[PDB]
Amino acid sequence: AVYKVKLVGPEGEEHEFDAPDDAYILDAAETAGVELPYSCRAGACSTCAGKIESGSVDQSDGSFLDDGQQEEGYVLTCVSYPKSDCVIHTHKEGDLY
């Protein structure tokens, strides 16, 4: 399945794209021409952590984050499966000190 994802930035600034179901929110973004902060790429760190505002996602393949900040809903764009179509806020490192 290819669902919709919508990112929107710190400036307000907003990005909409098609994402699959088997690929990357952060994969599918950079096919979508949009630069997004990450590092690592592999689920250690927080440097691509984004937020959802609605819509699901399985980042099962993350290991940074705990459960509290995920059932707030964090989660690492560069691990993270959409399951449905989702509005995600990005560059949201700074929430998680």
Second form
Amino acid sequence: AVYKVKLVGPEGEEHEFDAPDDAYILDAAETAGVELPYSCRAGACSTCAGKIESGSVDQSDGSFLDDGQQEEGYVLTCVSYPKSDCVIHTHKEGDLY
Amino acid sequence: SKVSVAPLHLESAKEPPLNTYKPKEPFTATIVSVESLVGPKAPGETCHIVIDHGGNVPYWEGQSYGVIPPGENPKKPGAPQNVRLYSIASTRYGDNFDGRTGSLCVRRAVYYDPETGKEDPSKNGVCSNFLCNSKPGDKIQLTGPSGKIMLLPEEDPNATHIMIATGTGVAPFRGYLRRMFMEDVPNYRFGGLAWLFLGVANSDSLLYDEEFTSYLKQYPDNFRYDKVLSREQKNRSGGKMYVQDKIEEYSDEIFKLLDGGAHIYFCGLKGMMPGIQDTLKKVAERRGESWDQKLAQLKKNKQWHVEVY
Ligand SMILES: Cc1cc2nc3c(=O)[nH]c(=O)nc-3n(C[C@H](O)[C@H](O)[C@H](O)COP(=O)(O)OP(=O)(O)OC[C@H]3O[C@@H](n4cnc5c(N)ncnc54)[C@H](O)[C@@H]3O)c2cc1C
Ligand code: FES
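Form solved without its partner chain already given; the form solved in complex with its partner chain follows:
Whole complex next, starting from this chain.
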């Protein structure tokens, strides 16, 4: 299935694009001409950090975030598969410590 | 003369390969060789590992490989080890000009009681020791390739590239330089300026010196190479010499290049950046510029490339 992922920049900028349930959100976003922050691109850091508003993803391919951070809604967009329509706020790296 | 490389169809791809192999289903690769890169005086071991992926896990320079060491996650029973990322140190053709292998530059992570100075093998790096302990024939769980931040900008074959590295951070640059100078790649004839700054602990810790010193002889007009041996050299004020200190010795020269459109890259452990940034800040100010503004502009121009960890 292909879902619709809506992103919210650190200033209210929004972007809504198609996101195959078997494609990482970071890649689905770039396909639609959306520039997002990233570093390793392999779920090893926090540069691509984002935070769920609604929906859910499978980011098990990632290992940087702990259960607690993931409980709160934090997701590594470079290794996240949308499991449904979602609303995600980007550039959340600054909240992680 | 440049070394013939094959197969050329590895130049045909327009977009770089990404995540060809995921953690749940990694590719089983074979170790071709492992060798220490350092001498007895090096603080620790850093090894060169050649891996045979048989053309199944191709990549572009600047990208990295994922390796999943055997055993289970000590933090999650029943679960396999987390993948460790490693900057590929070889061109896409590999050390065999094969297009069949890739290489990693791995620093052995070891633990030492802060006092008795004795190493506790039970507390050292799992994947790094696993890798440097490997022998020809060993199988390795490979994932990737991954990354885009360190892809080499080739639109301008005469572009300028300033490479700042520390320790294993030299890996992607070894990949750039073999491509610019050692390999016979018809569609990429580098004619710009490649400048490599490498900071290590001592000379016994130098990585691939014979290789880089070689470029200084073959292309004096296209390759500059400055090393910093921290435990053997000193800066202007008597303290240990670091890469930012060497960058400072060519401050005006380096800022010109940046002002002229030069690409600058940083790679290695992340504790190398604070000092680097402070030095850049002080250099921009001694020139009357705002570092924050210049950084923002450099990033805007896509000239700033960082891969620290
Ligand atoms: C994009 C990227 C590129 C990279 N490129 C490179 C590269 O080119 N070369 C390179 O060498 N590395 C590179 N790394 C780092 C590499 O991925 C690993 O983080 C590194 O090799 C250490 O992994 P490890 O499995 O050996 O150690 P880990 O087991 O993960 O351990 C981490 C540290 O904890 C220590 N430790 C473990 N248990 C204990 C304990 N009980 N008490 C105290 N200390 C303990 C270990 O000794 C070690 O120093 C890169 C990382 C990224 C994200
Ligand atoms: S870019 Fe590092 S985890 Fe996503």
